[PDB]
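One structure below.
What you see is part of a larger complex, with each chain still in position.
Chains: A and B, in written order; residue numbering restarts at 1 for each.
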Amino acid sequence: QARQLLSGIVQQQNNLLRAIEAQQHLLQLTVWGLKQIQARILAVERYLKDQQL
Amino acid sequence: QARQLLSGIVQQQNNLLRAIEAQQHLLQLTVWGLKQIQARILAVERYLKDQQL
(Lines give C-alpha, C1' and ligand atoms only; values in the text may rest on other atoms or scores of the structure.)
Protein backbone atom coordinates (compact mmCIF):
# COMPACT_ATOMS: atom_id res chain seq x y z
CA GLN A 1 0.00 0.00 0.00
CA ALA A 2 2.38 2.72 1.25
CA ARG A 3 4.84 -0.11 0.79
CA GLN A 4 3.53 -1.09 -2.70
CA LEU A 5 3.45 2.58 -3.66
CA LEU A 6 6.97 3.15 -2.47
CA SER A 7 8.07 -0.09 -4.17
CA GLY A 8 6.59 1.08 -7.48
CA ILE A 9 8.20 4.54 -7.16
CA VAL A 10 11.59 2.88 -6.44
CA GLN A 11 11.33 0.50 -9.41
CA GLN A 12 10.35 3.34 -11.77
CA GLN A 13 13.24 5.42 -10.52
CA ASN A 14 15.59 2.55 -11.19
CA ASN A 15 14.03 2.24 -14.67
CA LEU A 16 14.65 5.91 -15.34
CA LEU A 17 18.27 5.77 -14.22
CA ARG A 18 18.80 2.76 -16.48
CA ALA A 19 17.17 4.63 -19.45
CA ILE A 20 19.42 7.76 -19.05
CA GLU A 21 22.51 5.60 -18.65
CA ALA A 22 21.65 3.91 -21.99
CA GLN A 23 21.15 7.34 -23.59
CA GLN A 24 24.44 8.63 -22.15
CA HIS A 25 26.30 5.61 -23.57
CA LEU A 26 24.61 6.01 -27.06
CA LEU A 27 25.26 9.72 -27.06
CA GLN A 28 29.00 9.08 -26.10
CA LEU A 29 29.26 6.64 -29.08
CA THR A 30 27.53 9.21 -31.41
CA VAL A 31 29.94 11.97 -30.37
CA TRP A 32 32.89 9.64 -31.00
CA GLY A 33 31.47 8.88 -34.50
CA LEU A 34 31.00 12.56 -35.22
CA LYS A 35 34.73 13.06 -34.30
CA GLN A 36 35.54 10.39 -36.85
CA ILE A 37 33.64 12.12 -39.70
CA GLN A 38 35.20 15.49 -38.78
CA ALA A 39 38.55 13.77 -39.32
CA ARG A 40 37.31 12.40 -42.67
CA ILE A 41 36.03 15.69 -43.96
CA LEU A 42 39.18 17.43 -42.85
CA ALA A 43 41.25 14.94 -44.86
CA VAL A 44 39.04 15.50 -47.94
CA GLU A 45 39.36 19.32 -47.58
CA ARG A 46 43.23 18.97 -47.12
CA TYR A 47 43.37 16.80 -50.25
CA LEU A 48 41.23 19.10 -52.34
CA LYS A 49 43.14 22.16 -51.20
CA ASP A 50 46.45 20.36 -52.05
CA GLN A 51 44.99 19.33 -55.53
CA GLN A 52 43.46 22.77 -56.36
CA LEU A 53 44.57 24.33 -59.67
CA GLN B 1 2.48 14.97 5.34
CA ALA B 2 2.62 11.65 3.42
CA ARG B 3 -0.03 12.27 0.71
CA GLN B 4 1.35 15.63 -0.42
CA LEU B 5 4.99 14.44 -0.36
CA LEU B 6 4.12 11.27 -2.26
CA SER B 7 1.96 13.11 -4.79
CA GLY B 8 4.85 15.56 -5.42
CA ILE B 9 7.36 12.69 -5.91
CA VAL B 10 4.97 10.81 -8.30
CA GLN B 11 4.35 13.96 -10.30
CA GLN B 12 8.06 14.70 -10.52
CA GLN B 13 8.71 11.08 -11.58
CA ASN B 14 6.25 11.56 -14.47
CA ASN B 15 7.99 14.87 -15.34
CA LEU B 16 11.37 13.20 -15.47
CA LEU B 17 10.02 10.33 -17.62
CA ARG B 18 8.64 12.93 -20.05
CA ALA B 19 11.97 14.82 -20.25
CA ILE B 20 13.87 11.55 -20.86
CA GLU B 21 11.37 10.63 -23.64
CA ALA B 22 11.96 14.02 -25.28
CA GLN B 23 15.74 13.59 -25.06
CA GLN B 24 15.29 10.11 -26.67
CA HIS B 25 13.78 11.71 -29.79
CA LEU B 26 16.68 14.24 -29.95
CA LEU B 27 19.24 11.56 -29.41
CA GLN B 28 17.76 9.42 -32.19
CA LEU B 29 17.91 12.51 -34.46
CA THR B 30 21.64 12.81 -33.77
CA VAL B 31 22.12 9.07 -34.59
CA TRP B 32 20.19 9.57 -37.83
CA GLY B 33 22.19 12.75 -38.54
CA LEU B 34 25.54 11.00 -38.03
CA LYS B 35 24.35 8.22 -40.41
CA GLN B 36 23.39 10.67 -43.14
CA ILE B 37 26.79 12.51 -43.05
CA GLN B 38 28.63 9.17 -42.94
CA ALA B 39 26.89 8.22 -46.22
CA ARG B 40 27.63 11.60 -47.73
CA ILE B 41 31.36 11.57 -46.89
CA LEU B 42 31.68 7.96 -48.14
CA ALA B 43 30.02 8.97 -51.41
CA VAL B 44 32.58 11.81 -51.80
CA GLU B 45 35.53 9.65 -50.84
CA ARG B 46 34.49 7.12 -53.42
CA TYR B 47 33.97 9.78 -56.17
CA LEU B 48 37.43 11.15 -55.45
CA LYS B 49 38.93 7.62 -55.67
CA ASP B 50 37.03 6.86 -58.88
CA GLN B 51 38.08 10.17 -60.51
CA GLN B 52 41.75 10.13 -59.59
CA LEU B 53 44.25 10.09 -62.45
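Simple rule for what comes next: a contact is a pair of C-beta atoms (placed from the backbone, for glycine too) under 8 Å apart; a residue touches a chain by one contact, two chains touch by 3 or more.
**Student:** Assuming the 2 chains shown are copies of one sequence, what number of copies does the full assembly in this structure comprise?
**Tutor:** Copy number for the complete assembly, per this file: 3.
We take it that only the chains that are shown with their structure count from here on.
**Student:** Quick one: subunit A and subunit B, Cα centre-to-centre, how many Å?
**Tutor:** 7
**Student:** Show which residues of subunit A lie in contact with subunit B when the two form their complex.
**Tutor:** Touch residues, subunit A against subunit B: 2, 5, 9, 12-13, 16, 19-20, 23, 26-27, 30, 33-34, 37, 40-41, 44, 47.
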